[PDB]
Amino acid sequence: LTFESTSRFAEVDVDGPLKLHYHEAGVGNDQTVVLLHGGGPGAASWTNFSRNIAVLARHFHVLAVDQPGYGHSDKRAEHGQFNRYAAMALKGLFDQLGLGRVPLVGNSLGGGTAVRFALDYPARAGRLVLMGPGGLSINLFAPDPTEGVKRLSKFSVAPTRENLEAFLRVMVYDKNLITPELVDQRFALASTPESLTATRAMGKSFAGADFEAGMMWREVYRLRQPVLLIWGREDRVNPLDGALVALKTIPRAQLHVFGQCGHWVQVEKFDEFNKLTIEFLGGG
């Protein structure tokens, strides 16, 4: 199972042909699970879920999708509210692959796309696993913007290597995870003209009149499926206090908190994360 063995592409229509890059594994398995990645600079499905895909492939039919703007997926230079924009694309891909009701596993930005999909097409989404997710999260104590949001903005404005490193350092509890190779790899992926076009579009998307579609904490009370919320106690991007509204309003919600863990739950606690997801999703 490698980057290349599992690669796949598809074309879907969101206001015009939209290419989605993805990964696929565990092809003989009965149950299909879609993984949606978080959203830093140079982020993608594979670097996000490499400690997870192989483990999840033993039980599930795994589809880890680069979200428009990321990975090898169209970096259009214009889009609306991002989570909606990405759910629409995901809807297209479901329809194509002929997926029915699937369970979604997304962290951070991915979790917001997950939840947005789930509200917009209720019948198509099953159980949710959400790791330090945006959208449905609202920090009741932490002044916004947070440290992690600020460090990302700083990089969006001045995309230096020093700025990227500062950002990656608040991604994790154990800062030893931030190596030279990691910073170099993300910086290269992130400093392309295409990726910066994507970065510009996301930036402009915030002023759109549709901002309310990002405020999912107002809406998750409508969710009917079981939802597993997963947070690192030391998340500095989407802090723990932002889990409360969701935990309170979602009827069949569950919360699991890991001490000594930051924003990258699926990396820093990859083993417990894996087991937790597999078990919550019924073991396949």
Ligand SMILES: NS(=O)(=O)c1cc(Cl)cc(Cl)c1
Given for the second form:
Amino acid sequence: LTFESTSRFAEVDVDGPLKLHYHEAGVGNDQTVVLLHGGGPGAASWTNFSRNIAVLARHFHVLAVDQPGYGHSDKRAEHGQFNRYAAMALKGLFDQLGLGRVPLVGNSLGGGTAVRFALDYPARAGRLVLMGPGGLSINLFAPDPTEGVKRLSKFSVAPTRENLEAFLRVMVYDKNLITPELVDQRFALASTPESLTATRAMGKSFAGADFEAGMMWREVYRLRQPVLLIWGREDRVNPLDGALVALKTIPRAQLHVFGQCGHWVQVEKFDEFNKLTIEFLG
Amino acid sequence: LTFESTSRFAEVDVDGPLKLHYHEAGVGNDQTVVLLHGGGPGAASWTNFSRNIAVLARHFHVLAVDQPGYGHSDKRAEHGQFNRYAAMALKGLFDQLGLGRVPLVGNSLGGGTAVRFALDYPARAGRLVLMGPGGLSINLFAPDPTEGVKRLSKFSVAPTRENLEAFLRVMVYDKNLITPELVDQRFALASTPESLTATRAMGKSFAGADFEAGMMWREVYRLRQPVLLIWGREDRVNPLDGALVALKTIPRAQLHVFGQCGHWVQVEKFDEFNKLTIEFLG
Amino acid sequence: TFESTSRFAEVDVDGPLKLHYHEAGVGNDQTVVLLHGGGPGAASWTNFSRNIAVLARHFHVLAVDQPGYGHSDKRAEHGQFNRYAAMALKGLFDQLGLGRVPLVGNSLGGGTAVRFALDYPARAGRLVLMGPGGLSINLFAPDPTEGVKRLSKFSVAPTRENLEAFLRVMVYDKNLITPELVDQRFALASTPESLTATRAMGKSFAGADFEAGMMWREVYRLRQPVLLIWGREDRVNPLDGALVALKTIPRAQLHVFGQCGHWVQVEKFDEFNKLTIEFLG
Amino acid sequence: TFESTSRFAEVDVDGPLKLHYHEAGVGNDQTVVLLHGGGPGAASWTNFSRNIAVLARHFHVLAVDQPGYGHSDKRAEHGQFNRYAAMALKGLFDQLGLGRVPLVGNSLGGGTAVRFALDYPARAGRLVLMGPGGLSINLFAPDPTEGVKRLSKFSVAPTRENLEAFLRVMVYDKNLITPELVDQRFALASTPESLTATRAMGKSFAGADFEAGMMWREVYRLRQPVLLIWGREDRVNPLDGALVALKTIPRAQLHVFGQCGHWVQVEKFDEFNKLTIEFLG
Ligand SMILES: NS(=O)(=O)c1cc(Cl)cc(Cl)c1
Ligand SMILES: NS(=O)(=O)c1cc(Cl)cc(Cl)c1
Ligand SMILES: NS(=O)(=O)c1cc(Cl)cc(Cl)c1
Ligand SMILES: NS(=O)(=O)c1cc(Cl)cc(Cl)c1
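Could you output the structure for the form deposited with the named molecule bound, given that the previous block was the form solved without the named molecule?
Once more the chain from above appears, this time first in line as the rest of the complex follows.
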């Protein structure tokens, strides 16, 4: 497994052709799992889930999808509420690949996409594993915008190297993870005009009349499947108090909280996260 | 493994000889683990950890100790703050068995004993697994006494079969676990004069000037080992809000919460609890 | 007096519905509507005994018996209760010619106040909500709470002993639960109309319109100032149920009283009256 | 006026310590001590500008510059700060012949108020604590909070731009942060004595007496009524830090203002004044 061997493209229909890039691994395993990455500038499937795709592929058929706006998937200048938009895309990939009811793994932005998908297409979503998820989270104590969200915005307005490192450092508990190479690589991807276009589209979509589609804490009481919520105690993007409504209202919820862990659970607690996910998904 | 094959007795010194009953299993395994049962009338090591001792013994050298006042351990009419009292007893067993630094597993009352032990004898306690633990818990939202605590008290004042079933039913999420046989067996053990004596001793000890020894939420910021907190979402004895100070202040804490689970985690979520414990303890 | 303030009105909620209420302080510039808590034998006058007289020196007070309670109609059928009660209140508003009126609500009535403010937004002003149902969601307390359990137990087995047990976990200071109070509530709760109202309440929970009671989902939409008041020791609607509403209601405030249960306006009556009067004017 | 109310006293805390304070409303029956928040350039008069005059019509007000702030001594060394300040306040109490006095404290000063009430229990009456340090423990917010981070950043790099950034996450309404305010605070914070006080504060955190600042451990011992006041949007000492104290202080109350930050007595000054006056008498 390299970026190239696993790379795949599909074209789906979401008000018109939409190219989705994903990675496929562990082919031949009976049970398929879909991984949905976190947001943040420069984010994509391969780098987000580097500490995991290989391990998970020893147990599952893994499909790690670049959400629209990220990675090598299309970066339209236009789009509605994002989680719903990405969920519609994922629905097209599901139909195309002939996929049935599949468990979903989602980190941060992609966790929100996972939930939106599970709500909109309930027969198609199996068990959920959600790490510092957006969407279903609502920060009952932390004033919004959080520190993490503010630094992301500040990057979006002024896309400098300094603003990106500042953002990345409040993503993780262990700031030694934020190396010069990580910052440089992420900045190179995030700084392209296409990615800047996608950032503009993400910004305008917030003003949309479909905003309620992002407020999934209002809806997850309807989720019938087991759901494993995973949180870094020190998450400064989507803080721990945001887990509470979901834990309370999802009937078959579990919550796991890691001390000394930020927003990036699958990297910062990669060994522990992998065993939980593998056990939880069978 | 039967009650008889695993049964062991030791005499330790806590202001005088104190007979401790415990169960020993999986002899020959390199790493020793001590299990400390929950409170409640009729409670003891074998019945509390019935769904677990066998499984854990496939990986560890298991020592499940009847705390003083419970099981076949001594039921003195007199004793000071309980967790400290039971911890002193456990210290004597540790010294006698030549035990070094050992991980501890504790449910409810015994979780408090585990913590008190880890605080008082810090070099002797390894990783902790704590299920709906007393002591370190402090119910920030739930008015005290909780429902669970009130029904236990009501049994203590009026030790009837009806009061014991009522108590047992708020111990678990799935009330079908509370069968006629369970109630009868527990009532038979709890109703003996010796056990009634131990209940009186437990009651008087609350009035003691050493009460601060029970307030372990004040002290667990000192715990240096990894600690796995495990909670039933629907725990009505030690409710979930009681986990928060410990999660915040123990540097290497983790928390796992099971939906559809009460105070009796190791029974109600026995398969999941066993894999977490085994993985966490190595 | 009970009699001097007593009023009746008949409105349309899927047919005639007779509503009883108490009116006081007429002539005052600002009208305020009071909505009592639930529980057996509850009604406007006895729920708000420590408050109507004080409030009427500042406001035009309308204390309304919600359907199923007091001297208001006790239908044997009805859908989600807070919406049902809100529809009734809406009828009363149009009839009395009210504009935008602040609402005061304890427990059940707090839920009705909120449902009303959501369903008829132009008609509700500032809200004072004491241990309110509806907008509360117990993030930590397992449901049903001990309060709700004892209330249910009475519904199944309506004995004096079971009512007393409910009334006793309603309050921090159990000395407020006098034998006379128990006897007064029990005589009222034990009538066949009242048991019909109780049975009707329980069935409504099974309704397809249940989402209407999940008001924590919707209060981010409230634009008016809202003052939440809670007893730290509330065992019916515990304190953790305040949190979503505090977070999501933009002009929210919260006051918490230590040594206070579910019945705020009684157990902390002087402080409640002063808080309410200032917040409302 | 600043000058008319200004007073100095010298007490013993391991040697002479000069304390500055403001005195008003002399002759009133009940004395009240005010303890300002922290942050660079903070002092009694400017912290409590919207409050001293109003409070002095009801109480005998003593607003004390805590050591390290205002015109009080700024030693380059000192142990855990709230105990240090409390020892100073204790000196002032004996000298002025005070008995049992209610305390009002914002942020840092709230922590000092609490430390004082614990260390000299006979000398403290009712407490009013606004976004207080010391007794707070942020159960959900990762530490250091964004507020504390920007405060630290100023300590390392004391620029106008960094002070403004701190002042701006101190408050909900950023229009309160006027250029003039920034300039006033910065001129005071930038003096070499003040930087010495700032450097001293940071080192004290490394002290062996750190447990003295962990007052959430001890307030279950407070016997007096305590009124906690918080801004919902406090980014220095966030709202989740109120919870242990609310739970464990037996006669506690809590008030939370939506649309309010760390600087409660300014951002919600009319409501704060009224709450304080009623609670204290
Ligand atoms: N709060 S959230 O999970 O939805 C989220 C997280 C990140 Cl890092 C980025 C975006 Cl655009 C959104
Ligand atoms: N709150 S606690 O864990 O300490 C506890 C639980 C039970 Cl079931 C019994 C006793 Cl005596 C004490
Ligand atoms: N949870 S609630 O406020 O809606 C409530 C309280 C009482 Cl005391 C009774 C009823 Cl039926 C409902
Ligand atoms: N967390 S705290 O209240 O103690 C506090 C607040 C401020 Cl603004 C400054 C200082 Cl040094 C300390």
